[PDB]
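The residues making up each chain are set out below.
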Amino acid sequence: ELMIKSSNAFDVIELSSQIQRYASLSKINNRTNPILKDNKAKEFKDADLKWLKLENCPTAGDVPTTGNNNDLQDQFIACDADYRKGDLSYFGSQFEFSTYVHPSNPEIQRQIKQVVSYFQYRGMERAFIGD
Amino acid sequence: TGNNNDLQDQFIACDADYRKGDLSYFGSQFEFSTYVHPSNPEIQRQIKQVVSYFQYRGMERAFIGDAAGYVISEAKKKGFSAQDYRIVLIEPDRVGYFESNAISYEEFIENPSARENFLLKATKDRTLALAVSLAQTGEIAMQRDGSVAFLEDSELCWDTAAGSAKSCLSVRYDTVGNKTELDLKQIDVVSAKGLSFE
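As you go down the protein sequences, you meet chains B and S in turn.
The opening position of the first sequence corresponds to residue 36 in UniProt numbering, with each subsequent residue numbered one higher.
The opening position of the second sequence corresponds to residue 101 in UniProt numbering, with each subsequent residue numbered one higher.
Any given hint could be a false lead.
Stated by the list, open to error - Simulated crosslink set (SDA-like; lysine to any residue; CA at most 25 Å straight-line):
#1 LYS176/S with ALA113/B
#2 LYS176/S with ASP83/B
#3 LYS148/B with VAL289/S
#4 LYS85/B with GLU206/S
Claimed, not checked - Pairwise CB distance ranges, derived in the manner of DEER restraints:
#5 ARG161/B with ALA222/S: 41 to 47 Å
#6 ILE164/B with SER181/S: 22 to 28 Å
#7 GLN149/B with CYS114/S: 49 to 55 Å
#8 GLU281/S with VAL136/B: 48 to 54 Å
#9 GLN55/B with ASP225/S: 41 to 47 Å
#10 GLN55/B with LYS177/S: 21 to 27 Å
#11 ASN103/B with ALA113/S: 27 to 33 Å
#12 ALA44/B with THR223/S: 18 to 24 Å
#13 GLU142/B with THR260/S: 47 to 53 Å
#14 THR134/S with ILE164/B: 45 to 51 Å
#15 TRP258/S with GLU49/B: 22 to 28 Å
#16 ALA44/B with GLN146/S: 45 to 51 Å
Since the hints were made in silico from the structure, they are not lab data.
Each residue gets a CB set at the ideal place from its N, CA and C atoms; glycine is no exception.
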């Protein structure tokens, strides 16, 4: 049944919100958000979403942990997760920054202005992307 | 509460039983970490992850993937976000149970080779079950009763008219001081009425 249009959209909102959650954190697991340690005005994060998966997973992601694997680890997506599926296939996210100096964290060198997550339409007719 | 005039918050009815259907509830495995609650001494640990198992009693093992797809579709239908769905074989342990072999739902449906290898190890002493994994993350909602505490070094922020500049504050600990600091230095000015110190 064609309710996979709603089941695809749910995956889009779930992933986008986790990208929004990630974008709003200055510290993750008592360690600086890795995307804030640079100074360029734009960075694109790849569709494989390794940058959003934890470092302590079978294939190492880019998200930091406390180091102690007995502590509660905050995470954003499961490690086998892939959102390059369905009519709306995750294509990556565009971050735009401004340089910023944090009053209590010298490793923070830029702040997030806006994050845009792209989902390429692999639907049957390009006219249906509105649907 | 003890007091029968109050509205009682509950989770399931008294007669409720979910050991029914193709996916029969088998129990839940909680994993914890040691924790110290800042305002409640009865709290000595916090939840890391919850995995709830539903054993498949269908006549054909291959159909658990089909039955699972309906669960996942029903989850997205009702607005429930889970963290990881998996097909598992579990055995009794000294305490609870433990996972002998496991396969992700996506691999169970898209790789018949991996599927039958997993169904192969399905023996008489193991139970075929669906693994629904919860992860207690930063997403946990802060309650108006304050029972839920912030995570270490997390920042409470305000939207300001500066556009997309955030003006935050936090309670940090300096082990190189053994002192708790209420850091407001991100805010330019703090304007009080009365003010006292020690």
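A quick look at each hint next to the structure:
1. As the CA atoms of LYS176/S and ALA113/B are separated by approximately 16 Å, the hinted pair is consistent with the 25 Å bound.
2. This hinted pair checks out: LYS176/S and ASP83/B have alpha carbons roughly 22 Å apart, not beyond 25 Å.
3. For the suggested pair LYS148/B and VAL289/S, the alpha carbons sit about 24 Å apart, so the restraint of at most 25 Å is met.
4. For the hint pairing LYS85/B with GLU206/S, the CA-to-CA distance comes to about 18 Å; that is within 25 Å, so the pair holds.
5. The hint said 41 to 47 Å for the Cβ distance between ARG161/B and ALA222/S, and at roughly 45 Å that hint holds.
6. Separated by about 25 Å at the C-beta atoms, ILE164/B and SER181/S satisfy the suggested range of 22 to 28 Å.
7. Here the CB-CB span from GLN149/B to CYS114/S is close to 51 Å, well matched to the stated 49 to 55 Å.
8. A beta carbon spacing of about 19 Å between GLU281/S and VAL136/B contradicts the range 48 to 54 Å that was offered as a hint.
9. Look at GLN55/B against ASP225/S: about 46 Å separates their beta carbons, and that is inside 41 to 47 Å.
10. At about 23 Å, the CB distance of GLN55/B to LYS177/S agrees with the hint of 21 to 27 Å.
11. In this structure the hint that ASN103/B and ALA113/S lie 27 to 33 Å apart at CB is violated, the actual value being about 41 Å.
12. The hint said 18 to 24 Å for the Cβ distance between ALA44/B and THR223/S, and at roughly 41 Å that hint is violated.
13. The hinted range of 47 to 53 Å is not satisfied by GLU142/B and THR260/S, whose Cβ atoms lie roughly 23 Å apart.
14. Checked against the hint of 45 to 51 Å, the pair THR134/S and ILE164/B passes, with Cβ atoms roughly 50 Å apart.
15. Our hint of 22 to 28 Å for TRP258/S and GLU49/B holds, since their Cβ atoms are close to 27 Å apart.
16. Distance hint for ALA44/B and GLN146/S: a CB-CB separation of about 33 Å, inconsistent with the stated range 45 to 51 Å.
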